[PDB]
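Below you'll find only one chain, the form deposited in one PDB entry, shown as structure tokens.
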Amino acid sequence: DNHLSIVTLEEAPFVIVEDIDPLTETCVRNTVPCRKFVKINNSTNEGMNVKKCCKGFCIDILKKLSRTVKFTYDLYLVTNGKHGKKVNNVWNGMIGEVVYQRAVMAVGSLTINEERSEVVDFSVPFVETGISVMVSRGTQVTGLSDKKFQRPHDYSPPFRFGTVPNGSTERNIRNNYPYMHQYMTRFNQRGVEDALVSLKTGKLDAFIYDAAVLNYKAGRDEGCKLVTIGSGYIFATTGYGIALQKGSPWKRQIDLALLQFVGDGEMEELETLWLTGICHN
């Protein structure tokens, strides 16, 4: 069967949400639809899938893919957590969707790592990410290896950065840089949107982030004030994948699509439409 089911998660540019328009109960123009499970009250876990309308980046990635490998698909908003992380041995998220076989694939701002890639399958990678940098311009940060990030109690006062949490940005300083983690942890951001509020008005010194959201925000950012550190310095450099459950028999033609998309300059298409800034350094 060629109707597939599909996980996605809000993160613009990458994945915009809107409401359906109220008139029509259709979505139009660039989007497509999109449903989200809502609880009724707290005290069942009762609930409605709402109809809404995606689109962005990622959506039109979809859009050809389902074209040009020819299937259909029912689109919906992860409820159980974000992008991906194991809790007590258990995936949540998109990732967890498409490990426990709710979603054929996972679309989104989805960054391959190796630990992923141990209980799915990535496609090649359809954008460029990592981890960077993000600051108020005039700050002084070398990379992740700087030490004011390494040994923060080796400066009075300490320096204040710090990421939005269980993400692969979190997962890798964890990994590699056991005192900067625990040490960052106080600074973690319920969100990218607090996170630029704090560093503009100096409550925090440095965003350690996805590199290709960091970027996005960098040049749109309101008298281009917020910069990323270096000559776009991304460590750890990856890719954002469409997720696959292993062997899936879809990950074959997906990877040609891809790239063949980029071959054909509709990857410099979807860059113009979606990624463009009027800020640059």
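Numbering follows the first chain given and starts at 1. Between two forms, the rigid core is the largest collection of C-alphas that superpose within 1.5 Å. First, how it differs from the form deposited in another entry.
- Only one of 127, 131, 199, 107 has its Cα shifted by 2 Å or more between these two forms after fitting on the core, and that residue is 199.
- Annotation: Cα of residue 230 displaced by at least 2 Å between these two forms, core superposition.
- Superposition of the core reveals a Cα shift of 2 Å or more for residue 162 between these two forms.
- Core-superposed comparison between these two forms: the Cα of residue 92 travels less than 2 Å.
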Second form
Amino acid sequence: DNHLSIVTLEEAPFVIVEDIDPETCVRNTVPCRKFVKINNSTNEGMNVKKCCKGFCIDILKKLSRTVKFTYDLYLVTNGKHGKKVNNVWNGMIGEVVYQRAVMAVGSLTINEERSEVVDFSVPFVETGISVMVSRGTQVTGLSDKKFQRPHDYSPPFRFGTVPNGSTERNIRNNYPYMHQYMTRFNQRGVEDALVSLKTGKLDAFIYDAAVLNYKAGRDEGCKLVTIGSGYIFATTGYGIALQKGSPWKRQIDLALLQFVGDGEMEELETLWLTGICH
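Compare with the form deposited in one PDB entry: the form deposited in another entry:
Single chain only below; no partners, no other molecules.
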């Protein structure tokens, strides 16, 4: 059967979620359903029709046409990208692991922990751990001594991330003192961190490279900049997650490599990712 259950997750500009036009999904979007709970003390809820678009949705449309499959797209509601809580997965990875979806499409980072329980496509956009600063600030990257040994400098660099995600876990494993120091500058979200940068409350923001590149590209006044791509730490990419040993992996991989080689991927990046800022 070439009709597949596919899970996604809202994160602009990769997956943007809209309501139906007051009653179909307007063009450039695809239908995506979302289970909406009645309240927080029940599992009862209602399936709501939504409309999904963005960089990775355009990937899915190309794949569906090239690999020849149909799909029912739905948005994850327990968790986000994929986190193992007491050896039990949530998010998009959990949907694939526990076989409610055969494919996950979104801003899903390829890492070792997830690849042990799901199969990953080839990466379709590069990402990693990057650093964003105000224009003029000099840092080399995550491994900069200004981050590793913050108190070797006076005043110490004020830098943080959004906790509970992949970035904090990587820093905790790799740079224990940097993690200990930077929790004082924990940011509640990406938008919060951008404001702290632009208002001088923060010197640097460490986060996903693809997201930081998108945010710097559209920053008002082009005041926020990221490090060069050669300094991104733990270079990886967003990939499509499939069930372990899935028969779709090979043709999905060849389709994505075809999109990259023939300029289709660059067109989607121009359409969704590249901003006005240099």
